[PDB]
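Consider the single chain below, provided in structure tokens and representing the form deposited without the named molecule.
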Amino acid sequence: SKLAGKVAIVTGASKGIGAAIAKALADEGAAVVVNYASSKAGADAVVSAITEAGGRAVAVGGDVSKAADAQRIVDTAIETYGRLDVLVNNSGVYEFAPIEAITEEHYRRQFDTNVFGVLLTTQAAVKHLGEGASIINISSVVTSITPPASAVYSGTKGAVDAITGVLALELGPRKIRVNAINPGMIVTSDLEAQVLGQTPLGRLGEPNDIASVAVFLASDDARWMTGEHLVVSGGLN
């Protein structure tokens, strides 16, 4: 198993992409700290699924935009499993608005979680990370396609892309890898039909389309990649 003995944290992992990454990491033998912001029951079902199949996992509630919660999520990993190897920053929220409608709260809520939350969780994690560790930031294909009415959301993801490249260089001497995945629209309307029509591989994405890439980046198979942004959108860029 690619991640035997390793320990991963996945933020935003009660549902959807985060949930699928937590399970796929466990399938390769990582113990997984399943952080949830919203739905506790979803996270408990992720833990139950991991543990039923012979894995180890633990759910932990918390809001990554708050320094104390970010720290507690990292502590959980160490207090429960004694080590940390992989961080998946997946906690993200989204809201669209044209330039005329953008409010301060629209700006703050998204930057606080999508950017400051990545920084706080990563800062907390870095204390425990050494040679071979892998940090995976979940960004979005919007940094390539930058759609109308997405200035703040795409703004947050542009910030994540840049942070990924900074930390790759900064943490390189410590041999900690930092990469991004830039997913397309992932289904867990007009937009779905539009996006489908622009998607070369002829379907909409699913959570496990992202999960398999996160596992690759988490594993030693990606030991010579850092600072990369992998667009996982079925060909849309």
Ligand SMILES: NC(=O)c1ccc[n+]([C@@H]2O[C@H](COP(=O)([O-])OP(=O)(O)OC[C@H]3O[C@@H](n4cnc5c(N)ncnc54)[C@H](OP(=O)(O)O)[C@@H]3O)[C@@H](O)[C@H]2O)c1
Given for the second form:
Protein chains: 4
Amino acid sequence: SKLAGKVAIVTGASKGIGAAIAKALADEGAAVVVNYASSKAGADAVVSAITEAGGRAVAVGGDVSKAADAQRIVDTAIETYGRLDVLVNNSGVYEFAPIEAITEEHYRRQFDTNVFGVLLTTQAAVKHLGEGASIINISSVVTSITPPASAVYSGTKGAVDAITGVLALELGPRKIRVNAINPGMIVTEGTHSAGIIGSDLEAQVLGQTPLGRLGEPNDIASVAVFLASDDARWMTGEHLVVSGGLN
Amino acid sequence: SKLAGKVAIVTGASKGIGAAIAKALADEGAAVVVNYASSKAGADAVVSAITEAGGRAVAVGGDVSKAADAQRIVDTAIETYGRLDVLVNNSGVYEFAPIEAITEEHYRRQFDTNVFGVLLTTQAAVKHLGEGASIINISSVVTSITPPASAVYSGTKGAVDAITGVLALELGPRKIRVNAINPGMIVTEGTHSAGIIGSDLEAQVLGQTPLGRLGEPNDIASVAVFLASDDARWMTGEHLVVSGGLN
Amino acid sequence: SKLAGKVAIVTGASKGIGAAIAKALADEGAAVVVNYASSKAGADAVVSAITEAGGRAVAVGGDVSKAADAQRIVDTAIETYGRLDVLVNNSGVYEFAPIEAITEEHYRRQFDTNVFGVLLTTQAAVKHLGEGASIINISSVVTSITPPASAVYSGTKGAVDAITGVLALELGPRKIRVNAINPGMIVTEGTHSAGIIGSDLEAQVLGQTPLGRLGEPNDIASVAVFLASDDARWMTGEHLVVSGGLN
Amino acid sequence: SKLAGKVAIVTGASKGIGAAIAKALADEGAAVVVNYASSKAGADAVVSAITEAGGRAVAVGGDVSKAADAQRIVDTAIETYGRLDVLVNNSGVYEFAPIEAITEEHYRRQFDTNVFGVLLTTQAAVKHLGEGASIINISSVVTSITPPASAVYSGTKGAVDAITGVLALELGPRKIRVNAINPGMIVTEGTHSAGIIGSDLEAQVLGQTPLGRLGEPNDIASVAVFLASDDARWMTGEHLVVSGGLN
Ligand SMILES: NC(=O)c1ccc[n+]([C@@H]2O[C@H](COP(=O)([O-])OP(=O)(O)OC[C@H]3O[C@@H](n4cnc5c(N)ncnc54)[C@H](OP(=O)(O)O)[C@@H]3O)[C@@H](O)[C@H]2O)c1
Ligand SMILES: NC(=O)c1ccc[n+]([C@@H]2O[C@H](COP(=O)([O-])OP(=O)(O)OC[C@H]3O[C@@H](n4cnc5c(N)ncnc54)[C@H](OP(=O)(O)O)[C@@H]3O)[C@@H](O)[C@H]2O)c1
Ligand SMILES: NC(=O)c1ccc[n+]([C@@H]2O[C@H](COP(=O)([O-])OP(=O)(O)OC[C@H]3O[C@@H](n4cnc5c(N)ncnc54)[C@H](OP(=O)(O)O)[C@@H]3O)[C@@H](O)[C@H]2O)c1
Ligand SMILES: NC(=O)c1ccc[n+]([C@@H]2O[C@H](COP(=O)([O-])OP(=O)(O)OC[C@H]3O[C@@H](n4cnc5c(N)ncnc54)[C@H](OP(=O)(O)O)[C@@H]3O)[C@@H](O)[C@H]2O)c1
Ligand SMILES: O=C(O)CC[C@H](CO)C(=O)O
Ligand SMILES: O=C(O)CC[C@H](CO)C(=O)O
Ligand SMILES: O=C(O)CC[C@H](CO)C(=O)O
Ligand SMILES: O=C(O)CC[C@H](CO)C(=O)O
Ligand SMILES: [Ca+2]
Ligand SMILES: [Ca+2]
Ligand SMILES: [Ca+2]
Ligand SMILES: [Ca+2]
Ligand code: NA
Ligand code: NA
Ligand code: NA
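Can you now output the form solved in complex with the named molecule? The one shown was the form deposited without the named molecule.
Once more the chain from above appears, this time first in line as the rest of the complex follows.
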């Protein structure tokens, strides 16, 4: 197993991409801290799937944008399993608005979760990360295709791309790798809830996807396993677009 | 003259890159709104430079991260000159800190000015922008070279890069252009005050700059004039690295 | 004038983008060597346009893929005007073919002109260049959007992009700047002759162009003048996409 | 296993990166066509290492820059194993020269092998490729870092990057994936023979490598296995820099 004996944290693993990543890491032997914000039921369902398949996982509720919660998410890994090897910064929210319609709350909610939450959780985790550890930030293909009416959200993911590059260099001497995955449109709880599935944006994106379908959470999960594993030992500071060819 | 009859706003034009951009735009015929935050005297010096050279300019105090001040900056253009053609989002602050040392205040001050202030000032300006308008965002070469210990600052400029691309697509149908300049290290009031001139970072940047010197504010100002002018009429969504070849 | 007393070579200036660049450089005071391959009549017409407008120019026939012709083009600058300041590597050809249909002739004709010709002309020219010289390579937005059935042509322009970056670093110590322009679809003699204007690809590109039209040669010419001038003194190794926002 | 039942061609598998890729693909169950140009003994040793580990392989001599040899390499897969699933275009040569030292042979040798050979081998292969096939082009991090005195070699790899993007779009409807790996400096027989090991470039590269060593063939081979496998099913048109963090 590619991650035998390792411990991973996946933020926002009660739904969507994060849930798929948690299950996939556990399938390769990692014990997984499954973080949720509002959906304990979703996280418990993911933990039960992992444990019924023979793996180890534990649920932890916490808002990554709150310093004490980010710390407690990380402490859960150390207290439960004694070590930390892999951090997947997946928690994230998205809302579109044209420039005229942007409000302060629309801006702060997305930047606080999608950027400050990445920084706070990584800051808490790095004390426990040693040579060969792997930090995986879930960014978005919007940093390449920058759709209209996404200035705030695409802004958050542009920040994540740059933070990924900074920390790859900053943590290089400690041999901690830092990489991003930039998904295309993925069918998730969130893209249904946001009305993105079924929208004109979805139709446009689908038509421009070379491989001819929308993405699924497991399309991202298998790339996260790769980046978490030693097979990516010589990759750091990369941004892997996983969109079926759209960029 | 390239900008005869046009009106420009330069945020943060009491010092540094913004002051040089303001003077260069006025040299090509633009009437310039010269924004300051803490230094009225600096803005008055730039306005005096412009008017002594035969141009038109007016100072306005305002914090771009405050919605009411962003509105007052834009209203100054309309009240004084009756139109708005060019917006240069130059106001910005920088402070480095390694991941372990990042504080909430360090994060919020830079994102509020460097990202929210771009969004607020652009939001106020767009009501007045018509076909041929040009929005120029001052980003940074850090989105290319992502230096260690710059996670927050590089994050803000990654966000600006993405916002530039979004708004180029979003405002395209109105024939409003949106582009970024990504300066390398420029000798400015701010890089002196921040201790960056004389720092290890300065040494590293100089040692990797193909054209063999640090940048000066006029190195950026002449590119801003280009992007503001009809010479750049077929460029939108670009990010021009102006760093003497460092990328 | 921006290029007063300067001397420029434009390869492939009997038609299209190169003709527009030659006229624009001359409008800013440059004496221009107007190169043609098959159309002396076209180069002579561009020379007449330049001299009727008060400028200086001379035509020279030569195939940039032949070392002796590249040398003769450069010798024409030195022998006629005594110096060389600006080299625009604009000569290029394009033909689409899906992978199954690519022939050796289709491959060699495009790489010999579009790549070897850039190398040979730059190699002859660099001996005469000094501080402040500007080399401008005309690449293509296809290095961003890589359309189907363009493997050979996009291949040539990907080479040109890389050669631009190499020579920017290699000639940095001599303070010779090297930059690329990457045009979008431009209506020219060539794109009419190739049937590209009116194609389904043109409809797709137009629909994806934020500024809502196809490009024209003067859209590129004004950017070439900027890069040739001291206004771009702090830019080297850049690739300026000039496509109305398509990338 | 990840490639059970599948068949791969690795061009240039008698040495270096290609040898390591061939052995790694076979470890995951692929039958491997091991192509060599000058070194039958090297290919035979790779084939033997593969069969000793329980796999299937066959050696074939051929110059990818010769159409008849490229066709025979592909025919070897079909005649020996009946199918083709993975093509690794790894064959490549490198020689540095500053612009004034570039000769016609130096240019043609590298473009014929590194670009035309990729096109010819891919052209022969595509007839046999169906849904789920994976084409992996070995490019180079020089397309990011474009070192001085590498205009021809970096030019070839810039062409490979662009060809990768074209064919990803062109072959997307057939659900054939096309991706590139862009290695940093890898210790191989070729870098020994080229005077790269022990050069000033090796010192420059190693000092700018965040993860603190030179690369090894298996650093690339594990990424090739990922791209060949269904784990990369949602990635096409990507360029994976595998350089220990240098870009
Ligand atoms: N098409 C796409 O789906 C797409 C494309 C590109 C990038 N992305 C990125 O992929 C990531 C996941 O997207 P998704 O579509 O899977 O989202 P989703 O279905 O809406 O799931 C979001 C997950 O993040 C959690 N979360 C949200 N805010 C949080 C906070 N403050 N603290 C902790 N956890 C928080 C949610 O927790 P609860 O549900 O328990 O509250 C949930 O587990 C995000 O970073 C998103 O930006 C998605
Ligand atoms: N090497 C560099 O200098 C460098 C490199 C890359 C990018 N940049 C970017 O270039 C821009 C200018 O940098 P600089 O070095 O010229 O800076 P500077 O010398 O420190 O000048 C900063 C200017 O921004 C104004 N400003 C700051 N906060 C503001 C706020 N909240 N509202 C309105 N105006 C505000 C300042 O006003 P007062 O002084 O009146 O308070 C001043 O006019 C920034 O966006 C920076 O990130 C700089
Ligand atoms: N949409 C576009 O038009 C477009 C988009 C992106 C990039 N580009 C690039 O822009 C450049 C100009 O394109 P264009 O559309 O203006 O082409 P064009 O109208 O066909 O004109 C091509 C010019 O190049 C010259 N030329 C061709 N082969 C030559 C050779 N071997 N030696 C010397 N000169 C040679 C031609 O000379 P003669 O006519 O006298 O033989 C002519 O002056 C090319 O590099 C092209 O790849 C064009
Ligand atoms: N640092 C690096 O090593 C580095 C970095 C980035 C990219 N790359 C790329 O990685 C690839 C492999 O490099 P390497 O260092 O492993 O090279 P290497 O050790 O020199 O091995 C080259 C291989 O290519 C074969 N080859 C050469 N010309 C050929 C032709 N015309 N037809 C068929 N096969 C041919 C050789 O065959 P014979 O030996 O049997 O003649 C050999 O098997 C190349 O594409 C190179 O550009 C290498
Ligand atoms: O536009 C796309 O291709 C994906 C949009 C998706 C949901 O907003 C995201 O990037 O998070
Ligand atoms: O890294 C450089 O060369 C530039 C640093 C400069 C001041 O922090 C900035 O990007 O604002
Ligand atoms: O596809 C586009 O956007 C431009 C195509 C054009 C002619 O082939 C060129 O790149 O030279
Ligand atoms: O410059 C590097 O980091 C790698 C050089 C290597 C051999 O020339 C190549 O790209 O093929
Ligand atoms: Ca884009
Ligand atoms: Ca970089
Ligand atoms: Ca693309
Ligand atoms: Ca570079
Ligand atoms: Na304080
Ligand atoms: Na660019
Ligand atoms: Na990449």
